[PDB]
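A.B. asks: So you can see what is in the structure, the chains are spelled out below.
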Amino acid sequence: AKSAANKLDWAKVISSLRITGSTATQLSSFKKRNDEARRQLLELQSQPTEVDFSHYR
Amino acid sequence: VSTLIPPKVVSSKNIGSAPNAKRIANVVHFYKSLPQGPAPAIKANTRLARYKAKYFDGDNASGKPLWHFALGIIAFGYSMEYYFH
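Chain order of the listed sequences is A and B.
According to full-length UniProt numbering, the first sequence is numbered sequentially starting from 4.
According to full-length UniProt numbering, the second sequence is numbered sequentially starting from 7.
What the hints contain is simulated information worked out from the structure, not anything from laboratory work.
No residue lacks a Cβ here, since even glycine has one placed at the ideal position from N, Cα and C.
Hints are supplied without guarantee of correctness; some may be wrong.
[What the hints assert, rightly or not] Every beta carbon over 10 Å from chain A, so not counted as near; a handful from chain B, in silico:
(1) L54
(2) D65
(3) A67
(4) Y84
(5) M86
[As the list claims (entries may be wrong)] On the chain B side, residues computed to face chain A include the following (Cβ under 10 Å):
(6) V7
(7) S8
(8) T9
(9) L10
(10) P12
(11) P13
(12) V16
(13) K19
(14) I79
Build out the structure end to end from the sequences listed, making use of the hints.
C.D. replies: Here's what the structure looks like:
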């Protein structure tokens, strides 16, 4: 689902003809970008909630 | 927190300043006009209009009507001078 959203967002960014002179939509763009970066960081750095007592205890 | 909306805000935004000013001028200038040479109104014969559609037409309007008018004037003046002189 994120792939199509990124595709359309980037296509809109690169196809701006009468969509220039903006101040806050780019801010929301970086907000979404850093939100996705935090998503990826959380998935790659998922610590183990339960204690791994099978091998650690 | 909502993002700006250029293509969503076009109701108040027009094409620059001059193009929208001249849009009304150019939209109706081509609306109510003859398609191609309609209503020539060439036909006219009321002595003055007979001259208009016979020799005084603007297609040539050469010196020939002027020479004919001068010939008529001198023809009348010959009789006038015979009456007077």
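A.B. asks: Hint by hint, note whether the structure agrees.
C.D. replies: Verification of the hints:
Interface exclusion of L54 (chain B) from chain A stands, the closest Cβ pair being 60 Å apart, more than 10 Å. Against the 10 Å criterion, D65 (chain B) stays outside the reach of chain A, whose nearest CB is about 52 Å from its own CB. Every beta carbon of chain A lies more than 10 Å from that of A67 (chain B), the smallest distance being close to 54 Å; the non-interface claim holds. With 10 Å as the threshold on Cβ separation, the claim that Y84 (chain B) sits away from chain A holds: the shortest Cβ distance comes to roughly 81 Å.
Against the 10 Å criterion, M86 (chain B) stays outside the reach of chain A, whose nearest CB is about 80 Å from its own CB. Interface restraint check: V7 (chain B) against chain A, minimum CB-CB distance 8 Å, threshold 10 Å, status holds. Hint on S8 (chain B) holds. Least Cβ distance to chain A is approximately 8 Å, under the 10 Å limit. With a least beta-carbon distance of about 4 Å to chain A, the hint placing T9 (chain B) at the interface is held under the 10 Å criterion.
Because the smallest distance between the Cβ of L10 (chain B) and any Cβ of chain A comes to about 5 Å, under 10 Å, the interface hint for this residue holds. Of the supplied interface hints, the one on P12 (chain B) holds, with its beta-carbon coming within about 5 Å of a beta-carbon of chain A, less than 10 Å. Here the hint on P13 (chain B) is kept, as its CB sits about 6 Å from the closest CB of chain A, short of 10 Å. Hint status for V16 (chain B) relative to chain A: holds, with the closest Cβ pair at about 8 Å, below 10 Å.
Look at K19 (chain B): its Cβ gets to within about 9 Å of chain A, closer than 10 Å, so that hint holds up. Nearest Cβ of chain A to the Cβ of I79 (chain B): about 71 Å, over the 10 Å cut. The hint is violated.
Consistency with the previously given hints fails for number 14 only.
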